[PDB]
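Once you've had a glance at the structure underneath, I'll fire off some questions.
A protein chain is absent from this complex, but the other protein chains hold their places.
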Amino acid sequence: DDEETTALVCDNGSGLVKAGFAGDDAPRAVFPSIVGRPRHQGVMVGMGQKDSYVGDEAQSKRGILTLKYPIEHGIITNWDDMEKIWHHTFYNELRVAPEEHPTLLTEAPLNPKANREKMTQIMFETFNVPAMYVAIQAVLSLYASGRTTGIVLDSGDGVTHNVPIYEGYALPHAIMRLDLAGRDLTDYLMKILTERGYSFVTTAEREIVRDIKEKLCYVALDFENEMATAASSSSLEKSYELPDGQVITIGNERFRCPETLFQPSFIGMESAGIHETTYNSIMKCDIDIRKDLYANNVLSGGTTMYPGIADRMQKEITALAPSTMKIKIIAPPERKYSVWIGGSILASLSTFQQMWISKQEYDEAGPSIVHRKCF
Amino acid sequence: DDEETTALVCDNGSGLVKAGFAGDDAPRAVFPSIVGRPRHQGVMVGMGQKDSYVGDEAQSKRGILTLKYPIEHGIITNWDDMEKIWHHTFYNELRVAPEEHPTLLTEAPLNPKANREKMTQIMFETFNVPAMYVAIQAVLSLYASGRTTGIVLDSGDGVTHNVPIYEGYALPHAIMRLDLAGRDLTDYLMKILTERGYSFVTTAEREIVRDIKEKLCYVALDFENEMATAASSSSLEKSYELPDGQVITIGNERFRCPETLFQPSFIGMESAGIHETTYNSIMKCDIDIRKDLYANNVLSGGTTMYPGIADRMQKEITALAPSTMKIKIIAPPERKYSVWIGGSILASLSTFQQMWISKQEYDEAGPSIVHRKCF
Amino acid sequence: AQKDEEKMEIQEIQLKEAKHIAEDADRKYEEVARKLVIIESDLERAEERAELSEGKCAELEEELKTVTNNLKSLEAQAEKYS
Amino acid sequence: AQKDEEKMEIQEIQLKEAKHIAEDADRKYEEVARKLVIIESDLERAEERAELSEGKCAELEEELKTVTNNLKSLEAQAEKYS
Amino acid sequence: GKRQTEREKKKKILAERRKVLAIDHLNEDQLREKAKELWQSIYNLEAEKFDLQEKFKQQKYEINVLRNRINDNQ
Amino acid sequence: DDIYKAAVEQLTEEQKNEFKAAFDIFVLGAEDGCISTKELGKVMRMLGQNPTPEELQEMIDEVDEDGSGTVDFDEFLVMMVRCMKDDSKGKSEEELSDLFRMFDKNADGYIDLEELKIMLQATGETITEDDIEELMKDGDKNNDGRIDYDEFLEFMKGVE
Partner (left out) sequence: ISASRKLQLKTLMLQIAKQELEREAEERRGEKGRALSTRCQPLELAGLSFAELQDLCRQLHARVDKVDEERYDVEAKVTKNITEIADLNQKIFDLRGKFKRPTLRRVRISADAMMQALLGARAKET
């Protein structure tokens, strides 16, 4: 590289911040988005103890911290912590001053306006970027698949949203946003582990339960048969070693944790599972583009990485859909970073180069410029 | 040396007072902390007989004195005698007036407040030091090892306490203080020696029993096998010459005296041994720092100098702990003075130079300043 | 006086022998301590190498599991397609 | 005679101190040697474990590559089916 | 807030650094003297900017060295 | 430390023989003929001071750094200069950092073989390839072909 100017494709997310320069294949730095103040007193003098460890540093000292995510469900609830996370991301994980780089944030659909306006105001006043643009997290995941149609189910860690798109024309009346995501699955797993004796309570042990969920849980092809099998044999019980020994054995908690996605009544949510909100999102579309959406169903986001979900979802939709249509579920192996790869592709386009919100435009219309033509 | 001002690192302890200027390797003057008034009448006139011999002088005239320690279990029970001991330490063993030197006392964890407040009031009113600071006896022993984590078992002569520390953040809810220590082992040895015919009763003969304990006793790797071996062969019987002749032969009293540490039921104490209070102190800590504490178990204090204790303790903890974790026991050869070496290191730090309790601060808030920010 | 002279002689002899034994013991202690530090560093290096190898092994296990599941699913789909 | 007796007593005190130093140094040496033996055995076992883990990792790499090739072939077959 | 407050503080500091230039009371010779003073001031500013650039390159090198040391620690 | 040799630079090793002259008053009568400096210091101590053998052992270990057991006069001089240090640690550590920056002209933060070899050539010292690898291992402690500021300082530790 050299002259010229590259764009910063940041992607706030909720659970893992993924960032990197535009035009690559994978994000340069991926690290949890947690800011944890120490909670004990501290007796050693001169140890160089900081007041807040952010990012991946607080996943190693988590034994004496109180980690707290600054993004609850897509929306940002603690602006100071989010500013700290952004500052860390720019200066220590990429080491590029923001004064010389455009930024491309990402935002979930149907989010509060004030969140987006505050985001752009921060990026323009504190970090003082040249130009920033905010994009919907599902259109990027559709970019990365190299398609131009299809209905994308982006089940992140904060919020699961399902944006249908045809021929490049998004259908704003058919977006079905559901707030069940990876975090609720972690909490439900932590709640059902107590049925064997293992109690995880501290906010640090939520990370251990998350690791258990990632490494062991899988989505059952048929729920009742698995419940019957796990209750008779013992071929499912997989063991796992805690960060201090005392291995634990997970029985039928393995496929009961991610089953909450298809039956949100487990955690008390009323709505229908991710297998039926996709069909409802399709049926709201026009009668002539339903075949294409059926054939190009796209999966993205981290939580769709459970082993065996691309078959359960296809079976469910085939049960719901008319018998003639072909149901195909696109599940690329690079699912987790699909949104960021799409963001890199979009930022690398020449046609897109004039859509950025230039700073002089913000100076003339204020932060409310984001809702205007420069979307 | 020259200009400038050096700090006095005193360490009251209970059984041996260790003192010396900050920045050296070993304490300058180490002497027992006993004050013994004469008890007989005295007929020679003009012999220059004093009314109380303190320190190492009363270990040579102990034949006609009644030695009495001024510190029972960490706490100080006889303030006049303790003041006398401090006066001797400052003026005759170091020969430096306290008006020109900061002091750094040490105190066991979980001690009564009044003891600490009276200590600071004495140091500021009678000896009139410029500034004094009180530190917990285990953090210093962790300094001396050059670590920054680890759980330190500081089995002194008065009280055995077990302070776990991680990354410089002490865990106040996991301190397990047990009052079995070297003095109780001396009393138990003096009590089991009577099974062969040797009766030691006088407070002067307690010193002889202490010497026997130091020179002969050792900790058995396996207790039952040693009890069986000592009851059949005679390869263990080691003899020792009293201060007047009449050698004595110690049989299986050799490893039964220090075994009380791992089975406090011998002296009627209910609690569990030093092998199980360490494991309990670890298990109270968070689930993510237990591996580091397992790997960095530190021994300190005088009573942990028994030949063969660093193997018995490791065997016991390995029996208790999960099989995967690695158990390592740090036993530096300079165990006895570990607390004082750590105290010297702490007093020599530049970052610590503003933590002293300056005299004007004491004048403004009274002796209760020690519990405040200047801990 | 003769008793004292004999005692002085034997005391000097045993004193010199003990001092030489002490010198030998100190030298042996120093040498073995240095060798112990060396072996301890070697043990630490072996431990870290083993840890890295085990981590890579676990990652490879996960990858093989995922890809084999994909193969099974695709084979079932191919049979249904025929 | 009295003066030489006093000096003989001093010599005996020095001999006693030499005895104590010799015993302490001997204990030091034996303890350090035993610890070194234990550390050496542990280091050898750790290195053997690391070698075994490396072999396992190599085998896993082979399996992963083979299954990846098979998966690609079946993906092409499924496209033909489509 | 503070970021917009930071921008306002920066521009006000620059305005204060802007000297009150009045030439309605000085002859052409004094005008040339003031021009010489301003040219010396901009010479000092350029020297300071070059020193800052050199120190910034040094600091980038030190940052790279520290990153390499951290990678050694990792 | 350096002033002792500087004032004796124009003279030869006779000073050590002169030292033996002083030793001829106290510790004349050496038997082994090997490294033994504890005797002279202990006899110096025996004139009234408090007995302490740790300092003498430190002195007798400050000479032997090659590890072969041979202690040349140069090792004794190194013991003398490193026992008393005023302008040690290569004067200012800031100068050491500046020279390290000079070493890494590529600004990568890791010193490879080429950088150190070029600096050796600039110095031009005749050092054997075995000695070259000795220096490489002394600096590159983890032996991976890279040297950071800490490794360079450790290699340049006690180097003025």
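The first chain written gets the first letter, and so on, giving A, B, C, D, E and F; residue counts start at 1 in each chain.
Basically, contacts are C-beta pairs under 8 Å (C-beta built on N, C-alpha and C of every residue); 3 or more make two chains touch, one makes a residue touch a chain.
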Item checked: Residue of F:30, F:84 or F:113 in touch with the missing chain, whole complex considered -> F:84
Item checked: Of F:31, F:125, F:129 or F:144, the one touching the omitted chain in the full complex -> F:125
Notebook entry, point to check: When the complex is taken as a whole, what residues of chain E touch the one chain not shown?
Noted result: 10, 13-14, 17-19, 21, 23, 27-28, 31-32, 34-36, 38-39, 41-43, 45-56, 59-60, 62-63, 66, 69-70, 73
Check: If you put the missing chain back, which residues of chain A would it touch?
Finding: 47-48, 91, 97
Note to self: Applying the definition given at the start, please give the residues of chain F touching the unseen chain.
What the structure shows: 3-4, 7-8, 15, 22, 41, 44, 47, 49, 52, 54-55, 58-59, 65-66, 72-75, 77-78, 81, 83-84, 90, 95, 98-99, 102-103, 119, 122-123, 125, 127, 150, 156, 159-160
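As a working rule, only the chains that are shown with their structure count from here on.
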Margin query: On C-alpha atoms alone, could you tell me the rotation angle mapping chain A onto chain B? Nearest 5 degrees is fine.
Written below: 25
Check: If you average the CA atoms of chain B and of chain F, how far apart do the two points sit, in angstrom?
Finding: 40
Notebook entry, point to check: Going by the touch rule set out above, which residues of chain A reach two or more other chains?
Noted result: none
Check: chain C: which residues touch two or more other chains?
Finding: 26
Note to self: Going by the contact rule set out above, which residues of chain A touch chain E in the complex?
What the structure shows: 95, 121-122, 125-126, 128
Next item on the list: Enumerate the contact residues on chain E facing chain F in the complex.
Entry: 58, 60-62, 64-69, 72
Next item on the list: Would you pull the chain C residues touching chain D in the complex into a rising list?
Entry: 1, 4-5, 7-8, 11-12, 14-15, 18-19, 21-22, 25-26, 28-29, 32-33, 35-36, 39-40, 42-43, 46-47, 49-50, 53-54, 56-57, 60-61, 63-64, 67-68, 70-71, 74-75, 77-78, 81-82
